[PDB]
Amino acid sequence: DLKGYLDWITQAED
Amino acid sequence: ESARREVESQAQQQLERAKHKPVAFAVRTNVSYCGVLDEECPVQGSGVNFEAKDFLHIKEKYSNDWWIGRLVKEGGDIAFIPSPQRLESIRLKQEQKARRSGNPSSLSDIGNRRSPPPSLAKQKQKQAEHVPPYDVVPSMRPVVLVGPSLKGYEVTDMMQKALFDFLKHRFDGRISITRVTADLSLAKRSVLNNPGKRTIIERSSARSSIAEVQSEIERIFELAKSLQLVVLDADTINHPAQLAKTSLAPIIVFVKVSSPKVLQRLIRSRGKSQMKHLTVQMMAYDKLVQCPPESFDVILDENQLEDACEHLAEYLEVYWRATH
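From first to last, the protein sequence lines are chains A and C.
Residue 434 is where the first sequence starts when you use PDB author numbering, and the numbers rise one by one after that.
Residue 38 is where the second sequence starts when you use PDB author numbering, and the numbers rise one by one after that.
One should not assume that every hint holds.
Stated by the list, open to error - Which residues of chain C face chain A? A few of them, derived with a C-beta cut under 10 Å, are:
1) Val192
2) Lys198
3) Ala199
4) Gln265
5) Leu300
6) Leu303
7) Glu339
8) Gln341
Stated by the list, open to error - Cut-off 25 Å, straight-line C-alpha distance, at most; resulting in silico cross-link-like pairs (DSS-like, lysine-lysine):
9) A:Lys436 / C:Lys309
10) A:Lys436 / C:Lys188
11) C:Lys90 / C:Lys282
12) C:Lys262 / C:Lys98
13) C:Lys293 / A:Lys436
14) C:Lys313 / C:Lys188
15) C:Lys298 / A:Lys436
None of these hints come from the bench; they were simulated from the model.
Quick reminder that beta carbons are idealized off the backbone N, C-alpha and C, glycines included.
All chains, please: the whole structure from these sequences, using the hints.
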């Protein structure tokens, strides 16, 4: 549940 | 009767001719009624079997007692919806079949107290609230993303922004997304005839930003009149209950973290400017999940981006097909 919620939470802007 | 059969043919012809016309506006119901069981319908057998909290679309004008409309379901045909006055009349018919409606109790007391029905037994009274059976809601329900915490912070903003980006790209040519900095929780309808008509009054409401809030309400209705999909990007929403009593009735989409431990580990890795707001952010996480799921429209609890995106897309795609 963490791997999918970590890349997506940052790649939108960064 | 030659009059009823002739008007039946004209009404059926009108429905066929008007089946290819633009939709004018829409209303929302709040009572359980059937459009087929009524004997006053101009066309019999073509009514609507709707329930409480249903959505109908209106295209053309018939009279002050009836209207032409269609459902928002997939393959919905054209039905007849009673007018608000007709619904008010049929509401009085629901409370008159009982033994009594006014003050005089019928507990084996007949012949002594006639007690003619006063104004308190009619629709003139009970005007303290007077909830309207029909409301002028926007043409479609808007789409809003809420949670898992307050907006304006780093942890929250990219998740909706990326989701907005996916919606914008997939729905290219049919999406209109705008950011509303004004408030949206103050969309009232029974406050005053005209609160703050002029800005030169120099009153409490004239000098405030309330007039901006109501001005944006009509913008949504006109934007929804265009038939294109619209998603609101407002950052003044933290709970569906704040917008539950409004006339907008948006699509409450809830995206939530699987466990509080997962969220409290994402905030730690963000940056020192964000753990200062960890205490308040966790407060919204627990209070928002305490809301029952039936309050929300669709849930997004999947741990993968691909799983949730197409899960939300099919809900939006079926709405586009059903409303056409």
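Here's how the hints hold up against the structure:
With 10 Å as the threshold, the beta carbon of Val192 of chain C comes within range of chain A, its nearest partner Cβ sitting at about 7 Å, so the hint holds. Checking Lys198 of chain C against chain A: minimum C-beta separation of about 5 Å stays under 10 Å; hint holds. For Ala199 of chain C, the suggested interface contact is upheld, since its CB lies about 4 Å from the closest CB of chain A, less than 10 Å. Hint status for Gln265 of chain C relative to chain A: violated, with the closest Cβ pair at about 24 Å, above 10 Å.
A distance limit of 10 Å between C-beta atoms decides the matter here; for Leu300 of chain C the minimum to chain A is near 8 Å, and the interface restraint holds. With its C-beta approaching chain A no nearer than about 6 Å, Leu303 of chain C sits inside the 10 Å limit, and its interface hint holds. Taking 10 Å as the C-beta contact cut-off toward chain A, the hint placing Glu339 of chain C at the interface holds, the least distance being around 8 Å. Taken as an interface hint, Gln341 of chain C checks out: its beta carbon lies about 4 Å from the nearest beta carbon of chain A, inside 10 Å.
Proposed proximity of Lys436 of chain A and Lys309 of chain C is supported: the alpha carbons are some 21 Å apart, at most 25 Å. Only pairs whose Cα atoms come within 25 Å are accepted, and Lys436 of chain A paired with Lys188 of chain C is accepted, the gap being roughly 22 Å. Proposed proximity of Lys90 of chain C and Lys282 of chain C is supported: the alpha carbons are some 13 Å apart, at most 25 Å. Only pairs whose Cα atoms come within 25 Å are accepted, and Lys262 of chain C paired with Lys98 of chain C is accepted, the gap being roughly 17 Å.
For a cut-off of 25 Å, the pair hint linking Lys293 of chain C to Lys436 of chain A stands: about 15 Å separates their Cα positions. Only pairs whose Cα atoms come within 25 Å are accepted, and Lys313 of chain C paired with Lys188 of chain C is accepted, the gap being roughly 15 Å. For the hint pairing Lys298 of chain C with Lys436 of chain A, the CA-to-CA distance comes to about 14 Å; that is within 25 Å, so the pair holds.
Of the numbered hints listed earlier, the single one contradicted by the structure is hint 4.
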